[PDB]
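Shown below, as structure tokens, is a lone chain in the form deposited in one PDB entry; questions about how it binds or moves come after it.
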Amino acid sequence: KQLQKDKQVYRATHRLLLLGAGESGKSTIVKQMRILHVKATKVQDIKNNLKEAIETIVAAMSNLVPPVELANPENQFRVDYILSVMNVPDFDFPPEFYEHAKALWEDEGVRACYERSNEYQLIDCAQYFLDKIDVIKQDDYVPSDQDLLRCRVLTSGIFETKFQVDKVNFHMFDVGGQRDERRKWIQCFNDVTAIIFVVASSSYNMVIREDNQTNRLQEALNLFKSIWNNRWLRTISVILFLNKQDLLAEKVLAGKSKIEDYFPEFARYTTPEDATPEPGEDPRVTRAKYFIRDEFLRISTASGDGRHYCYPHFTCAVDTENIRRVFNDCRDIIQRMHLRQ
């Protein structure tokens, strides 16, 4: 009849819905899966990310509450050139723009404005791409795999990716996570195997793009409490990725931002006894990351009645080896979760 075979192979797949708030790393995980298990517009929107980063820093110079001034005040014509191209639909990216961008990024008042980037909305690939389009000022360079992982394109709508690891079928749903995109989530809640919830862990000092008055990690906590206590997800377990571990590591080792100034229970928090830290890891970073993990596990423990579970992992989406390890672990987990029906 040909529909019994299709029905049984539809029973055989694993639907992996990816949720989470905005800019948390969902599409980067999807790109990493198709690196593991599966051409000029990529160059174009990488250049768009470059331009967006440099113009955001240049505008946020004056727009801070103490305006950080230029260490070399001779580049004011370059600042005015960057502010002149701040709003234009098409842009051919002349070599003059590359010279002005590099001469901005060599200046140190520019970098001092860059260090206070939690007070304005700035993208999570500026530091990499300023140097890497210093590399590709020219045109005959193809981007590497890391360059493709670092590019930021705002997901809007339901995207699907079918990949097959060791004769097991996977079908994962990349969804956007901006606050106006969240009404589209319930379209994917039917017969999904597991939910991979992705959290930007290092965004404890940042605020969301919608109202600029709500913490990003508090937004992720409220969103996790919403999708955990939902009436159509009350038998579906949530694998909890905590993304951007290296950014959390460098923001704790920098010592500028304090978690207790934003989440005040961190000062009276002690690291758990069952902590399994990585080789060569400063335990202040370990205390921080287990604090964020236990902040989510409080939500997943307060209710749920033993019908569905939560399996927190620590992950870094731009590192392929970390994703290979955590996806092997999650592969065994969702094998059990699909057998749970």
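Positions refer to the first chain, counted from 1. Definition used throughout: the rigid core is the maximal C-alpha set that superposes within 1.5 Å between two forms. What changes on going to the form deposited in another entry:
- Superposed on the rigid core, the two forms differ between these two forms by 2 Å or more at the C-alpha of one listed residue only; from 180, 92, 166, 115 that residue is 92.
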The other form holds:
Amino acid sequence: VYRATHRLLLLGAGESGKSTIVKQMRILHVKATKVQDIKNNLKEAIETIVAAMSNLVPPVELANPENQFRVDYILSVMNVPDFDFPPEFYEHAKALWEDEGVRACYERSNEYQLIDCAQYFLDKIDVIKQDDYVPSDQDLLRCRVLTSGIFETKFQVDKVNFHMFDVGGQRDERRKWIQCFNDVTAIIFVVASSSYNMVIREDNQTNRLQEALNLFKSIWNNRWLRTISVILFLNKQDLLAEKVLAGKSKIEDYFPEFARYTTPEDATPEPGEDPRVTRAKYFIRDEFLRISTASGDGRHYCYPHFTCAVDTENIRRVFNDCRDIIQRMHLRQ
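Now show me the form deposited in another entry, since the one above was the form deposited in one PDB entry.
There are no partners or other molecules in what follows, just the one chain.
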């Protein structure tokens, strides 16, 4: 029954949300440690914001000078390997989060490196201060955990078996990918479409989107993946829409071709959609289809999908469509 089972792996760059996709898929169809990781994520977020108050070359204006000992406390405990969790620290963190200077510093998060789930947990200081509740599944999906090795999750939906393969995305972990390049049904490439503004945390020079494009170029022309027919999963669509709606940062500012680019005739007419978000998503998708088609031979094909890993309805719809694709593909026409 090995042939009946389908093997799928999530190859993508760092912080691409593939682990979040795996978690959402797991809870779609089938403790205190998770609480600890939420606390650690919020901890890292607030410590990085406090550090970036002064680390950036352009100084960020502060709040009322009297409310500064809080900044000193966050700076002091940040160096401590075992960060404390007293109510006073949570009061400090809330005081920073309500401050307008800290808000402005957070609005410039693209200059430095910070987890994308910072604001969700920062809005949760008041509820996390009591340290007596259990976060919901949605708050569980906001957790940020580094994936070192490769992991497998057995799956079973509508009497057919599926195999999951979560792998790392950092340049140090890309050497382990070859360990599972044999007899794989399809590749689910995940790309953070909203990371066009930031840069990778390993070199601090190349764009995250440019790194993802290079990774996709390497995967598409791989000699051991000549006939694998990858599937493309654009992620963080809501974040991209929010960033393009704010107007602070633009795709043209990091990609000159975007300004001249125009929306294609074929499009998805979402009722709650703007021309700007459509042109951005279609520019990204057209870039990926261009890099795929330039080397296209007809042996393998790519099917781009727009996905938001946070909400479960988009996940289940895209998963149903991709399941139809994988069934047709296992048909081996």
